[PDB]
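First comes one chain, alone, set out as structure tokens in the form deposited in one PDB entry.
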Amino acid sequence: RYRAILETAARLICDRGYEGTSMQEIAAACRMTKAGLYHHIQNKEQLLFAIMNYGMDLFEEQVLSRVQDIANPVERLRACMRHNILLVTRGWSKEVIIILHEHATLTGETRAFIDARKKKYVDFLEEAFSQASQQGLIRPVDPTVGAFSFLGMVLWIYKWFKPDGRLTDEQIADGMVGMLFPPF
């Protein structure tokens, strides 16, 4: 219900961009009037804030919640990569893309909160790289270098991947997992 307003405004802000869209174009795209929409939402910046928070809820529901308890740290990184790739290459890519593109559009207060949620994921990856090196499950590497290589590989996917293409997202996930986390 109320999520339908976020998920529809995410489509416009994504294809057309944040600046290109106004609160009026989103009211039209909804069954509400320019007045009705402003009753559910404070302003435009807070609408963007709600979209990004919704995107992190989906990320944590489909990725972090499901892998953060995996005992073996490299098995935890492999699973995290698969879940994160599948999130990027399917329907919820709308809210994920807005988080990356519109990162700089937020105000100071709201960017601090969203980034706090992003930083928990980065710290999750770094900890897993650290544990995996100590236990001899991956070739040693600085945890920060490993985390941002992980994220660079995965999140770059939305720039080139086409679902009608030669390979499925599942085949891509297998390739990246085996290349960054091979048997060791």
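Positions refer to the first chain, counted from 1. We call the rigid core the largest set of C-alpha positions that still match within 1.5 Å between the two forms. Shifts are known only where both forms have a C-alpha. First, how it differs from the form deposited in another entry.
Here the rigid core is superposed between the two forms, and of 135, 33, 46, 149 the C-alpha of 33 is the only one to shift by 2 Å or more. The rigid-core alignment places the CA of residue 93 2 Å or more apart between the two forms.
Shifted regions between the two forms (3+ consecutive residues, every CA moving 2 Å or more on the core fit): 31 to 36, 91 to 93.
Starting from the form deposited in one PDB entry above, please write out the structure of the form deposited in another entry.
Nothing else is written out below except the one chain.
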């Protein structure tokens, strides 16, 4: 019902962008009128905030929740990279791509709320890079450099990847994992 609308607004806000998508063609896609759409959601800003929260929920469910209980820090980063890459490549959630593209669209309390959820993922990586680097499991590296190098590789995928391209998302994953986390 409710999240069935975000499913529809996310598809449009993703193809045409937040500022480029209108509340008219969203409601027209949801089979309503501009007025009827405002009954379920407060306004266009709260619509994006909802989409970006529903995205972080799907992210934590299919990535962090699967790798947060791995003892070896480097083994935890490998699995995290492989799961994150498949989340972007498979295209299972367009709410996640909106979070990567509209990174500076929100403002105020809605901005600070999602930003605080994103930095929880950075601190997760900063910690794993600080553990591995100290246990001698990877070449020494500043935990921040590693975290955003990690994030840069996997999250920049949404700008160039296509499922019908040469390689598969599987091959790209194996290649990046071995490229950043090789046996040491």
